[PDB]
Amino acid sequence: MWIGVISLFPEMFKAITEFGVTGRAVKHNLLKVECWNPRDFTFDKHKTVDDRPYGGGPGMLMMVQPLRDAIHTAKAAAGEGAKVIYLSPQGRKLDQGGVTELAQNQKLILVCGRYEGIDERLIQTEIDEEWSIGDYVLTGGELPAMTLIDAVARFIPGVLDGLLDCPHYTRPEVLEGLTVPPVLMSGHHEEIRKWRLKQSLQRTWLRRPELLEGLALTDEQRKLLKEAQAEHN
């Protein structure tokens, strides 16, 4: 997979390319991430990357020429078929279904914005889609772009339902006097699977009940969920 990035802080992307799972994907030529900075496309001594809005009022926008030229250089490096994504606080909110869709692309271009955003005409002429990583305010699109890279990289071959995970335990047998649930030491696989499934259903119900609303459950899951609910009283 090839990923082009437009950012005023391209060195932030070393957090992705030099470390962990994405870092090993880069070293093994399974993932390639290339960055271009609009500041490097400026013509003036002050390397001006912002510009005033026609409307008026407060806030600046990214200057069109340096940003458009950087996007064009990423498009020329990408070649045919790259999808251009603008990371925006008001774009489509990312979820696992969204990640799965984005991961079908062999080539992506991720545009990070700063200030109040980008000119509407650049969205119409250079952007394919707009995406957000959640309903919270950040200083820019760099952390969202890196989050998107990490999520999609998991889908690349060679790099590596709907319920929260069950509790997990490892050594020691006694941690600050607290013991591991005996079923996990029993060697009874079906009892362990049913205990973990019941815990997963209970944790989903107590912490994130909305996740159960749009979820078809098996007879076993329905039976185990009712059991945990009854024991909760």
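Here, rigid core means the biggest group of C-alpha atoms that superpose within 1.5 Å across both forms. Positions refer to the first chain, counted from 1. What changes on going to the form deposited in another entry:
Superposition of the core reveals a Cα shift of less than 2 Å for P172 between the two forms. Once both forms are fitted on their rigid core, the CA atom of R52 lies 2 Å or more apart between the two forms.
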The other form holds:
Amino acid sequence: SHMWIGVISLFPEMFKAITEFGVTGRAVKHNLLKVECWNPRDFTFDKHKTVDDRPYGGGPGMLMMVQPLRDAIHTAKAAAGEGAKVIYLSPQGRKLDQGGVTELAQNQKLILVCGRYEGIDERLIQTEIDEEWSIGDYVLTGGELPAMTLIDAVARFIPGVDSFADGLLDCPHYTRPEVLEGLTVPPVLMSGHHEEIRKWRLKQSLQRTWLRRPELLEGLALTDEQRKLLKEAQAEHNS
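Could you give the coordinates for the form deposited in another entry, as opposed to the form deposited in one PDB entry above?
A single chain, with no partners or molecules, comes next.
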């Protein structure tokens, strides 16, 4: 099985950033992931290929023009066939987190609408969009980076391609040399005992989650081992 992602964007070339590079790029070459794009501009019918328009009530800025965007969405929705969910990238949507990523991952086909300018017509959101998703509480100039972020995150779940895995931040990592700028690698990682290492790393993940993002610890049911190790870390932090 593979993942198919439809994208509606005025700047499809931006998507090369994920399709021609890294793990996701490798995913594309092996046909494990396909990303098809439709450009509202290819759907205009005028001399200047207009894809934006003025918002009613005046004031500055522009919105994406309704017709080209709509036609692109219907065309993409068509090509996608039955069962394809249309998602609009927006700061007012559901904030992405690992749970949202896994849910989005269930879907076999998705179509991602990338806004530009001041956004899209509200009626298109009500009539064509199934779900709105935000990548964070901040505003960007467009939805392409958010779309690629979502794609990359879900792409990690495609067969043949873990922090947050258990609700915890990842542990610290080390590689050669044994000593770097007077800093030595914790002896336990070189001890070669898989069990001592596993326990040390788990304790570190727990300590970091507690110290940097302690709130990520309310919704979890720690195992006896996790509760014990966390208890130890808190004792070490301020004795």
